[PDB]
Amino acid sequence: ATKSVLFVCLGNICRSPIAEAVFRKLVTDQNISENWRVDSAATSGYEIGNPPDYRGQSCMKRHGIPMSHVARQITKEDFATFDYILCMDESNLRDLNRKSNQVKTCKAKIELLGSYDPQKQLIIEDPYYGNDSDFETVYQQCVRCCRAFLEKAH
């Protein structure tokens, strides 16, 4: 049974592509990437076609993680095909819940990625108006949450 997770933010250039690349590293290094469909997407259309924020890329390169992604907006189909849709903050969640109610088939469990944090940091804050340290915090949160989600899904 092939499992799937979709990481979601507003733009799909900062937080979600990081979480996605973090997770694809986890499963790849445990020999199970073949068992996982992994992706990320945006609630809005602002960044469509764009690569990840360069600051996020630089952060990912310091941790030696390849991050290669073209921003895309979430579709009605994503709700039917993904087992899990994990977002970053409360407005993401509100948006996703909104879209999920326009759809016939919602297989996806929609949750904050942070609800998996062992350290109870619910929200993964947007680093967009911040600095490198803010990107680093996001990365560390993703590692914690992804590692926990991979072990045991709600």
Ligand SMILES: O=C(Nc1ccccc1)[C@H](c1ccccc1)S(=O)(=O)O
Second form
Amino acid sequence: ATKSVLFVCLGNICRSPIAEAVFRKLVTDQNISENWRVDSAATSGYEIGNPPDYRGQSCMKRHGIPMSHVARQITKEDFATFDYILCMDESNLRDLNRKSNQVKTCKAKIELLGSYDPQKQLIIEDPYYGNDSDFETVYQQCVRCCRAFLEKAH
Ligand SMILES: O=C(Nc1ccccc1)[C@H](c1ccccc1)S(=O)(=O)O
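Following the display of the form solved without the named molecule, present the structure of the form deposited with the named molecule bound.
Let us now look at the entire complex, which starts with that chain.
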């Protein structure tokens, strides 16, 4: 039975495509990518059609994890098809819950990705107005959370 996860952030050009790429690498490394549908989407329409922010690409290149995506906004269908929708911050979470209540079928469990962090850094903060170190922190959070999520979903 194929499992599925959608990572979600505000623009879908940084936090969620990083989480998506980190997770895809993890399952590929453990020989189970074929068992997973992995994707990412945005709560907003700010960046639809755009590639991941290059500041995030720079970070990912340093860690040797390839990343490619075209930003898209989450849709009503996503709530029906995904097992998990894992988002970055409380604002994302409130929007996703609002949207989920507008559809008939919500298969997805909607949660903060950070709820999986063994180090308990609950929020994955938007690094848009931040510096290199903020992108690195996002990356590290995604690694820790994705590993924990794969090991045992809530
Ligand atoms: O879209 C974003 N923020 C945002 C900030 C201001 C206006 C619109 C979007 C976020 C982002 C962070 C770093 C570099 C690019 C984008 S994301 O949610 O992580 O993708």
